[PDB]
Amino acid sequence: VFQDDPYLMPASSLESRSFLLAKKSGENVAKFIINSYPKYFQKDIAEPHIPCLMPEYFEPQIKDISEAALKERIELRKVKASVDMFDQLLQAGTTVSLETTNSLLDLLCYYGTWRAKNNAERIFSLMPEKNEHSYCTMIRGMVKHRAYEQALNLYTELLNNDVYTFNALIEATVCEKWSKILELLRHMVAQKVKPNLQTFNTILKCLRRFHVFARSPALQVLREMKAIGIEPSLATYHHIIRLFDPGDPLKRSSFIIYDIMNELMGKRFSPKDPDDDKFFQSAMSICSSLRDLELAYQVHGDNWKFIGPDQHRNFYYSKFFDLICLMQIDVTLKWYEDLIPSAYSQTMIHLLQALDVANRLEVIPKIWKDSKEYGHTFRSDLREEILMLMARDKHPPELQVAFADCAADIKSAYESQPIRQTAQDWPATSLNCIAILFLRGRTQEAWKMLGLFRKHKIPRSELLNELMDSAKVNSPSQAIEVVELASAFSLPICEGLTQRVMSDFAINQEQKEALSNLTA
Amino acid sequence: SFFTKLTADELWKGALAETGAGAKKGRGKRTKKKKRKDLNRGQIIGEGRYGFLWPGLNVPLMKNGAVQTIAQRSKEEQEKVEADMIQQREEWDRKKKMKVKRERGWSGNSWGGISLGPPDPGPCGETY
Amino acid sequence: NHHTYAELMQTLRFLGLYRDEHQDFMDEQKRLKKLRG
Amino acid sequence: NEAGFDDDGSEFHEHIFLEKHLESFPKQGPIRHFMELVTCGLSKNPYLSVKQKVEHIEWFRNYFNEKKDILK
Amino acid sequence: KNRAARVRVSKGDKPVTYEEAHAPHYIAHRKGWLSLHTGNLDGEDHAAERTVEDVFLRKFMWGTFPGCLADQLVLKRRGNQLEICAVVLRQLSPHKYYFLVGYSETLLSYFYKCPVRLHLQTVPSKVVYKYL
Amino acid sequence: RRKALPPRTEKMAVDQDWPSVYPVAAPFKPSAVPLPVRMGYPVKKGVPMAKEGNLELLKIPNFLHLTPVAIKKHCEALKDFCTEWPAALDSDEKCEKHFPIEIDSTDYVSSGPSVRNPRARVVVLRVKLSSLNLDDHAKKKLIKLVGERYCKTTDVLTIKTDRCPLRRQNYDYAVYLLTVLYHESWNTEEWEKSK
Amino acid sequence: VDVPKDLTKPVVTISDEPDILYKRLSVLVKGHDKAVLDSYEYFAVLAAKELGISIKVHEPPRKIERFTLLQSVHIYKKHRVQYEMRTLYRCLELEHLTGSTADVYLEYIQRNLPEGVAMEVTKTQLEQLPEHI
Amino acid sequence: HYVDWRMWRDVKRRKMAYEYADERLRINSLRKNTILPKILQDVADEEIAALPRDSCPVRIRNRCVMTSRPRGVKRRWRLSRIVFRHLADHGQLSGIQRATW
Amino acid sequence: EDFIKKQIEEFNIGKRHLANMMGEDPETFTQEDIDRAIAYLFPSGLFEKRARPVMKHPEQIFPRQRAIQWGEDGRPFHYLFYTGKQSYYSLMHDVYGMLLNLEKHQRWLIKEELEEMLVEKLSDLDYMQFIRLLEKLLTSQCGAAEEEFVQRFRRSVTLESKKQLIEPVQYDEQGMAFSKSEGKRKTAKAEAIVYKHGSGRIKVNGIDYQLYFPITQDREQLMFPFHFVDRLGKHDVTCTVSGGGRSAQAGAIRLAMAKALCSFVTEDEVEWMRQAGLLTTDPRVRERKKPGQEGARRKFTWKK
RNA sequence: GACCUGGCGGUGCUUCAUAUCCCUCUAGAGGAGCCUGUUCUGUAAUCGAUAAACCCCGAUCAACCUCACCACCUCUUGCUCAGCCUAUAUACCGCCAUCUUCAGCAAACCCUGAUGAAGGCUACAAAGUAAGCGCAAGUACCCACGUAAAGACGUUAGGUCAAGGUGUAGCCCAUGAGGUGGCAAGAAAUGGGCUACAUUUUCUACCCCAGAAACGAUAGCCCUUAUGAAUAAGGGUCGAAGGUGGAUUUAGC
Ligand SMILES: [Mg+2]
Ligand SMILES: [Mg+2]
Ligand SMILES: [Mg+2]
Ligand SMILES: [Mg+2]
Ligand SMILES: [Mg+2]
Ligand SMILES: [Mg+2]
Ligand SMILES: [Mg+2]
Ligand SMILES: [Mg+2]
Ligand SMILES: [Mg+2]
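Protein chains in written order, with the working numbering: chain A, 1 to 520; chain B, 1 to 128; chain C, 1 to 37; chain D, 1 to 72; chain E, 1 to 132; chain F, 1 to 195; chain G, 1 to 133; chain H, 1 to 101; chain I, 1 to 304.
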């Protein structure tokens with residue numbers, strides 16, 4: 001969906017989101033222009049007539065109560081229905097058809113809040129003829145758009161006089177209630193409805209949180225589901241996996257569910273429940289807590305559509321790469337360097353600590369360069385982390401050139417942004433390792449950089465060590481005009497200068513030695 | 001017609017008439033010269049008569065972390081935009097056409113007492 | 001039909017997306033003419 | 001080149017053989033001559049379908065039935 | 001002296017690209033055709049309609065991506081599917097770029113009742129063939 | 001303000017799935033293509049234009065997709081679906097023996113939104129009368145009826161069909177015409193007996 | 001490393017009725033670039049080889065049409081400007097070819113066209129005699 | 001928004017000819033037939049004479065689409081020679097070469 | 001300057017990529033392979049190779065440019081540098097030194113070739129000076145290194161054949177030897193079989209010449225090959241023809257008969273026939289008619 | 001008064017002239033008729049180019065639209081967020097003739113002339129160096145030759161606001177728009193092409209071995225047919241001017 005050139009190449013999750021949202025907004029603008037000026041695109045130049053390409057017609061026809069009623073279910077709104085009820089009740093006083101009244105009630109309950117109150121209190125004027133369909137759709141509406149006492153009253157009225165109707169009724173009853181839940185389940189199973197288990201899914205959704213006294217009975221309820229043999233175990237299974245949430249991991253149940261989802265993966269899947277999108281995200285959320293790599297590989301035909309939203313995809317990939325990092329890591333970095341362009345701070349931090357524990361120093365540069373190429377700019381948390389981890393090292397002598405290069409790039413990025421004020425406190429935190437790496441070939445750069453640092457300070461023990469190594473690595477005056485100044489500045493450089501002045505520094509001139517004596 | 005319309009540069013050439021008879025021989029004309037102008041650079045691509053608010057090009061796409069929606073600029077706001085764009089164009093044209101004050105040297109219409117500033121730097125580098 | 005073509009392009013200019021150079025020229029000189037009488 | 005535009009499942013003989021569409025005139029007359037040549041040309045023409053051919057035929061029917069004044 | 005799809009030789013301060021630098025008698029010899037269709041070949045038809053529609057396409061897209069393009073377009077019509085290729089500059093935002101891409105693609109598809117796709121190649125500054 | 005990342009040239013490895021990175025037909029995309037291939041008239045003491053701004057590589061048709069590796073892949077994939085021709089059919093004479101009635105249609109395909117074109121309707125067919133008629137009176141009658149639809153040098157009777165717009169209309173009308181022609185050549189008349 | 005486990009295969013059904021027998025598939029490609037035609041025919045012959053069928057190649061001559069126009073606008077009859085449309089032909093014939101093989105091969109090629117080319121199929125199929133005769 | 005009033009008139013003539021193309025051919029055949037009555041031929045003649053103006057496909061002209069130039073237009077491309085040369089020089093169209101033979 | 005090495009290494013990497021693409025071991029790989037690969041993967045109807053797509057090696061893409069001839073400071077390296085033409089000046093210097101050494105002891109190369117061998121241009125005048133100096137050197141004796149210096153510049157003569165090809169004889173049933181040949185013309189193309197053992201009559205499309213050419217000049221042209229060779233009634237020939245013009249077909253059959261008989265007759269007689277000039281296709285064809293002209297060459301009358 | 005540059009010389013010397021100067025070679029135009037343009041006559045009845053570098057020119061089409069002229073009759077926001085074939089090609093863009101059947105044109109440096117306009121060449125070499133364009137080369141046809149293509153800077157304020165658009169000046173009940181009609185003939189001069197004026201001719205079958213005659217209408221009258229709602233080819237008759245060209249002139253290796 002994204003373009004190929006590098007400039008248009010979306011190099012971050014938020015900007016990519018905004019980009020394809022702008023594309024969708026252009027699609028909506030196209031819809032608006034076509035449905036505002038249909039006559040322009042009315043020409044059917046293409047030989048195969050396609051209603052997908054034909055302009056769209058939400059235009060009410062002339063006043064015609066019967067055809068207007070038939071067009072009600074075509075226009076998909078509520079003002080037309082109000083006007084039609086008005087025309088049929090006030091002056092006509094007749095019903096075009098009970099099916100038409102049922103469809104009107106369907107639409108009005110779907111559309112639903114004082115407006116919902118008015119829409120629900122304006123349906124009782126409907127002609128006496130109100131069958132089950134009408135009553136149970138009123139229940140549907142009062143449940144999924146308003147409070148639950150009204151739905152309960154309507155259900156009692158119906159009893160005095162469907163699968164997802166009773167589903168909504170159970171939702172209303174539930175949303176501690178032990179006897180309620182029990183009698184509900186009992187009479188529901190007693191009736192001959194034979195639900196599609198969406199009632200069970202909804203009662204699970206309501207049981208999202210409870211102790212073992214309903215977490216464990218869910219297992220036998222699922223075993224009964226399996227015995228009747230209806231459920232694919234797509235959503236209720238995942239919801240009980242989530243309900244397992246937790247002061248202590250349950251390794252036994254974890255292994256059991258591992259085998260279960262293993263055979264579920266082995267078999268082929270077909271979608272039936274609209275809530276299979278939270279499946280992916282919360283499943284990987286539980287996987288992250290579990291921390292297992294064979295588990296991650298198991299969780300990894302066209303079942304990749306259930307990821308959907310970029311937020312859930314982000315959570316999944318983040319937890320996946322985090323587990324893979326915190327698991328050698330050669331195969332992990334292989335998988336990563338394979339999926340980085342397709343895939344999208346915390347992940348990079350985990351990568352840095354994984355590379356540290358691995359000791360693969362040569363890899364971190366390329367990773368930092370990739371992050372910078374994509375979106376890593378105007379933030380120094382990861383810069384601090386990489387600098388500390390890379391200059392805790394000095395063991396590669398030839399790699400000091402790469403140290404200097406990446407340090408120069410890091411400083412080029414660090415000094416970009418004055419107006420923001422955020423670049424002022426970055427050197428105070430991470431300039432020490434940067435300057436040490438610069439010292440480790442080129443030295444004048446690090447010299448003047450430490451000058452700028454101290455002339456911005458927060459001295460440090462490794463800063464003292466840096467100053468000492470720099471001074472000892474031939475030029476007395478060039479070393480003095482730095483070490484003596486930093487000593488006059490602060491006391492630890494002075495207690496180090498006490499020793500520095502022995503070799504060849506104090507013999508040059510006494511005015512700076514006099515200043516040192518005064519400060520000491 | 002729209003098919004009859006065409007790009008700008010050839011219209012500008014045909015209107016300015018830099019060459020073809022007038023320029024040659026040095027005859028020129030009697031102090032009439034059409035000034036060059038660029039209309040595309042001036043106005044942003046978004047605005048028009050119908051003031052639809054474009055989150056893609058005209059309005060920032062995201063506000064308060066919420067996707068925006070296509071909306072209508074009322075006619076009063078449309079008139080405000082038209083007025084301030086008229087003002088902006090008038091200001092641009094004012095800044096375009098102005099006086100030129102080369103300091104009077106020996107006399108008007110004479111290149112005697114005017115200085116062109118110091119010489120240019122040399123290739124090897126020699127500031128004069 | 002130039003009807004459809006030019007009507008679409010005029011409506012889209014009024015939307016303010018197609019910077020029509022020829023039309024900008026025409027109406028700019030129209031403004032100049034109506035200013036100069 | 002014919003996925004769609006099926007002509008409502010029309011038939012080659014329905015196109016070509018207009019003998020059944022020609023019933024209301026004898027076999028020898030000049031109107032028979034003209035209408036025979038008409039059916040010939042129509043069957044020769046593939047561009048137009050049975051509907052167009054029958055509307056041609058019925059327009060000719062109306063024509064000479066309103067001009068039945070002569071029959072010479 | 002013939003003046004046809006050529007640039008007048010200037011003092012050498014006029015950046016010129018390949019196609020507009022070279023002459024129209026170098027088309028098959030040292031250039032390629034901007035469009036590619038079969039209406040020009042024998043046996044086909046609708047060639048006038050092809051020409052009109054592609055001229056309108058080029059004009060509309062030039063004016064709905066104004067100021068960013070720096071050369072003529074490339075049209076590639078393989079049977080039903082239409083493909084467009086453009087070269088543009090990188091001064092405006094990718095937000096606007098993608099928005100106008102989708103807008104124009106949807107409009108072309110809805111108008112011509114044909115599957116349409118278009119691609120764009122970014123350049124910092126338009127490539128120059130010579131200074132004439 | 002914004003800056004574009006460097007191309008995929010150094011990113012792409014020497015070992016790489018070109019059929020995977022170019023599954024279908026697509027433009028050149030020099031940013032993704034690592035090859036420095038250039039094309040353009042070089043200037044005196046000069047060279048062709050670099051691949052990036054070389055819009056003539058896009059002008060020309062494109063074949064970076066569908067490499068020989070990709071062709072091997074797709075052909076050895078679709079091998080499972082393709083069927084086998086009967087081995088008994090091994091020669092022209094044996095194929096025309098098994099199925100004498102030859103029939104052939106044709107149509108163009110061209111770039112554009114529309115697809116219909118009247119030349120789709122025409123069809124023709126052929127059959128040798130040396131083995132089909134099995135008699136002499138009907139043979140003489142038929143060869144007298146047909147004026148130019150035959151050719152005795154190669155000895156095949158050939159007939160076309162275009163009177164109908166539909167290919168199947170042409171087909172079944174030709175079949176019915178041949179049937180009625182055989183049935184009418186079977187019989188005779190007194191003016192035909194008198195010659 | 002990412003190699004899928006189960007490759008989704010299409011559904012196929014072998015209907016009871018027999019497949020049609022094409023005697024000869026003769027395809028004729030009209031183009032403007034001899035190099036493009038050579039690449040296209042090489043592609044086609046390599047596909048036919050890998051599918052396991054007979055082949056043959058030959059190049060019909062180049063056809064050209066030219067016509068003269070007035071070089072200038074108002075009054076110039078001697079000075080004209082000329083143009084020419086060049087079409088180049090290529091033929092490819094395939095004999096003893098099953099109906100489903102024709103289907104798959106034509107689907108492949110028809111999806112793998114280039115742009116500036118026209119493709120003319122001539123299909124020759126044999127069949128038995130009718131029943132009414 | 002056609003190019004000009006003469007293009008407008010030409011398009012009106014084309015519309016009329018298209019929407020009367022059937023009856024015109026029908027009665028033209030009924031006229032040019034010979035074996036039928038001459039009185040019928042004359043009635044059909046006066047009917048064609050009473051038919052309205054701008055209804056015949058003879059009054060229309062194969063004019064140019066861009067500049068409305070009647071002369072110097074190819075029936076295939078429908079464009080004037082000048083716009084044809086313009087597009088051929090600018091390389092907009094496809095598969096046309098200069099006849100340098 | 002580092003751009004050159006970057007281009008070379010990137011070209012090697014792209015060559016490895018292209019080898020992986022086309023499916024061959026990148027170890028073994030050739031420039032003709034590069035050419036065929038680019039031709040197949042990116043065809044182009046452009047006629048000139050310089051305009052067609054080419055994936056070439058950078059050393060051959062870029063022409064040699066004279067590198068920096070003076071260090072970062074001070075003097076230049078070569079000693080004619082303060083003037084132009086330094087390399088040719090030093091060349092003339094050491095050439096004249098070798099010349100005077102010679103006198104005390106006692107094909108050619110193109111202007112552009114020398115230009116591109118050096119890194120500077122020159123004039124026809126000093127080019128002629130160089131040529132006359134070369135032949136001045138060569139008119140006298142020459143040592144081994146001196147001859148080597150001269151042949152460094154001297155190139156291959158590349159002489160042509162100046163010969164008429166000989167077709168192979170053929171044998172068919174009943175022990176019959178013969179030779180086939182083909183001739184052409186403006187618009188007539190024919191081919192003739194000559195049978196040596198046979199003699200006498202002649203066939204043309206299955207008809208004899210006496211009645212195929214009622215006019216005698218065509219038969220005279222048909223006899224001219226046999227007449228020059230002097231073998232008149234000792235060879236029979238058949239021939240098939242496809243043409244529009246009578247004299248055109250006559251010339252085509254004449255050329256075909258001669259091109260078939262040159263195989264039978266000795267090389268000496270082949271040379272005699274080439275001297276006669278009857279073994280070469282006539283390149284002359286009716287010129288094109290021009291748009292502004294009344295004909296191929298005739299113009300409208302100058303109206304003044 | 002003296003100088004710099006160019007043009008010009010019925011200006012000198014030398015080398016040339018490729019079908020161009022001629023001597024030369026051929027076939028034609030200027031003879032008669034016809035077709036089609038130009039000038040001119042009259043009409044209410046377009047327009048423009050109208051030496052070379054227009055005259056079967058815009059036109060690879062005008063019986064009706066094409067129609068832009070004219071008589072008559074109507075519309076007034078008029079298909080056009082108007083329109084105008086109204087003027088200005090001496091505002092122009094766009095497109096071409098011309099020398100050109102040329103080969104030069106030239107940013108940028110230096111030098112000479114006392115630092116003037118201007119010039120910059122001596123190859124056994126004396127101040128010129130040259131980006132770049134063009135020529136050229138290569139590309140198309142059958143080649144490498146040839147033909148095509150290409151042929152810059154600039155002259156003719158060259159032609160074209162009528163291919164189209166556009167600056168300026170105007171009509172904006174009109175100088176815009178719509179529907180009927182005719183207009184488009186020749187006392188005459190001129191131009192380009194066709195026909196023949198003969199026996200290398202005319203007729204007959206074939207396209208070349210024959211037999212007869214001792215020619216010529218593509219104009220006019222009548223008729224048929226082609227499409228159209230309403231000029232073209234064919235048939236009968238008429239069977240002349242015409243007897244091979246006025247200086248002069250055109251094209252061709
Ligand atoms: Mg003054
Ligand atoms: Mg010319
Ligand atoms: Mg007219
Ligand atoms: Mg007017
Ligand atoms: Mg002028
Ligand atoms: Mg040349
Ligand atoms: Mg030319
Ligand atoms: Mg003038
Ligand atoms: Mg007629």
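Incorrect hints may appear among the rest.
[Claimed, not checked] Below, in silico cross-link-like pairs of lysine to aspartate or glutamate (EDC-like), each with a Cα-Cα straight-line distance of 16 Å or less:
#1 G:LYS9 - F:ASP15
#2 G:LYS34 - I:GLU48
#3 B:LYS63 - A:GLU15
#4 D:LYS72 - D:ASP6
#5 B:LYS37 - B:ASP9
#6 F:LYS3 - A:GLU510
#7 F:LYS11 - A:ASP370
#8 A:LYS334 - F:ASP15
#9 E:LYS59 - C:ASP20
#10 H:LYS74 - E:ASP45
#11 B:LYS5 - C:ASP20
These aren't lab readings, by the way, just hints derived from the structure by calculation.
Tested hints:
1. G:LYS9 - F:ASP15: 27 Å, violated
2. G:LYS34 - I:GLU48: 14 Å, holds
3. B:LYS63 - A:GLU15: 14 Å, holds
4. D:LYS72 - D:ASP6: Cα-Cα ~43 Å, so violated.
5. B:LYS37 - B:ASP9: 11 Å, holds
6. F:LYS3 - A:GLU510: Given pair F:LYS3, A:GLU510 is violated - Cα atoms ~54 Å apart, limit 16 Å.
7. F:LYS11 - A:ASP370: 11 Å, holds
8. A:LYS334 - F:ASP15: 14 Å, holds
9. E:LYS59 - C:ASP20: 10 Å, holds
10. H:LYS74 - E:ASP45: 13 Å, holds
11. B:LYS5 - C:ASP20: 9 Å, holds
Hint check: violations occur at hints 1, 4, 6; the rest are consistent with the structure.
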